[PDB]
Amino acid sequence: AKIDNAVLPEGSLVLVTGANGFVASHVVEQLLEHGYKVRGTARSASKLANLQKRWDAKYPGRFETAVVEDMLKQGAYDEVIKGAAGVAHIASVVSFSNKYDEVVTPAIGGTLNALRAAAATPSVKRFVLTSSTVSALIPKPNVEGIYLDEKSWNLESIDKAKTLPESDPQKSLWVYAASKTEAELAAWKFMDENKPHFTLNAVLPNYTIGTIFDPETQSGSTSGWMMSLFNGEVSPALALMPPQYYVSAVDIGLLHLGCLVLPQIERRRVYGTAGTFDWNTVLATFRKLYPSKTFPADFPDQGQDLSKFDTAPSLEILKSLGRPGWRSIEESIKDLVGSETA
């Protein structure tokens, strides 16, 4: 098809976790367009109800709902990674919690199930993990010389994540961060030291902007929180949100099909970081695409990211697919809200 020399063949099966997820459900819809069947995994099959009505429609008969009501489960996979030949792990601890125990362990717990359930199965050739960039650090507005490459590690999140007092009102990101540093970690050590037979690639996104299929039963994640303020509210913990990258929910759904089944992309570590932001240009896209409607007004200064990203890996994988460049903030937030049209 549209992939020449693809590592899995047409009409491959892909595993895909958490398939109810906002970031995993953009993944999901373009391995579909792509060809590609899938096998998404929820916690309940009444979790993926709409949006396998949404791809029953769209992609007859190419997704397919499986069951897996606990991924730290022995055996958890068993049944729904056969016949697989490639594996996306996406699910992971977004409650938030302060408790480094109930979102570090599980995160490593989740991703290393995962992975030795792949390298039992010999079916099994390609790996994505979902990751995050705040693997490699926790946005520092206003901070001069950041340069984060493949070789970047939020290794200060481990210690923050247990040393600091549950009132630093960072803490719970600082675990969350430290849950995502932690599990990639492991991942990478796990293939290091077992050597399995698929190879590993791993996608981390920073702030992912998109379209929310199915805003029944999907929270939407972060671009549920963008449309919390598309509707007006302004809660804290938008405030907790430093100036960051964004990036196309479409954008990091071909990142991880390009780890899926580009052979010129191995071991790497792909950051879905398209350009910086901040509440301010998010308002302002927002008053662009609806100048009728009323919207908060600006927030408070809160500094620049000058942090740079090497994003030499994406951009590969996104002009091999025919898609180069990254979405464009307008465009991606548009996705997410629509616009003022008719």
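Think of the rigid core as the biggest set of C-alphas that the two forms share within 1.5 Å after superposition. Numbering follows the first chain given and starts at 1. Compared with the form deposited in another entry:
Candidate set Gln264, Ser95, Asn231, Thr163; criterion, C-alpha shift of 2 Å or more between these two forms after rigid-core fit; matching residue, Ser95.
Instead of the form deposited in one PDB entry shown above, give the structure for the form deposited in another entry, please.
Below: the lone chain, stripped of partners and molecules.
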């Protein structure tokens, strides 16, 4: 169809774990938009109710809600994975407690549980793991000489996550980074050791900006935090996030799609890093979109992100899907907050 030489046949079924998540929901949307059928999991059917309603209207009978209360439970995917040709593991365990083993173990556990299910299911030919740029690094403002490629790993997060005192403002951020790093490392290790009959690719988004399909339940996401600033809320947790790269939710969805169906994309770590930003460039965009609205004044200078990412596979995917280039930050933020128009 739209995609020539697609590895997964038209209308193929794709299992998307944690489909009620912000990023996940865009992955689902892009799949449905491209004619693929989707079975999305959530810890409860109710958690997917609003989105199910949305997708039933836009793509009648293309999305199916599947319940998986414990993504760590042995045999958790035995039923929902049946007949799936592709799998997008986007589900993540809910735990923000600074206990290392308590956070890292489940992260690795959930990832391997999904991979083992896929390995045990012959119909699965493609698997895309939703990782994060934190598996490569935690942003370092004004620091020169940082180039991240597919061989870049956040090895420092492992030590820091367990040595830094609880008083370090970024403690929880390092634990999270360690969890994503170890989890992705475990995924590639599984592929090398077991050599399953499917191809693995990982998408590493930085700060995803886009339309929040279900504000009621997706406001804790990156875009949710940005929306809070739009609404005038300034929180310390916000001033914790340093300058880094944004990526359109639309593009992240396209990146996952590419990893699932493009033949020339195999064993890649696809960076979702469109361009740099800081809270002031965000506020500037808000003011431009809504000139009549009152917004918080600029934050103190937070420096800027001088790091660079090897986005080759990312650009390759976007072009192959007929949507070359990264959607701009203005258009991405417009997707999130809209604009003063009528």
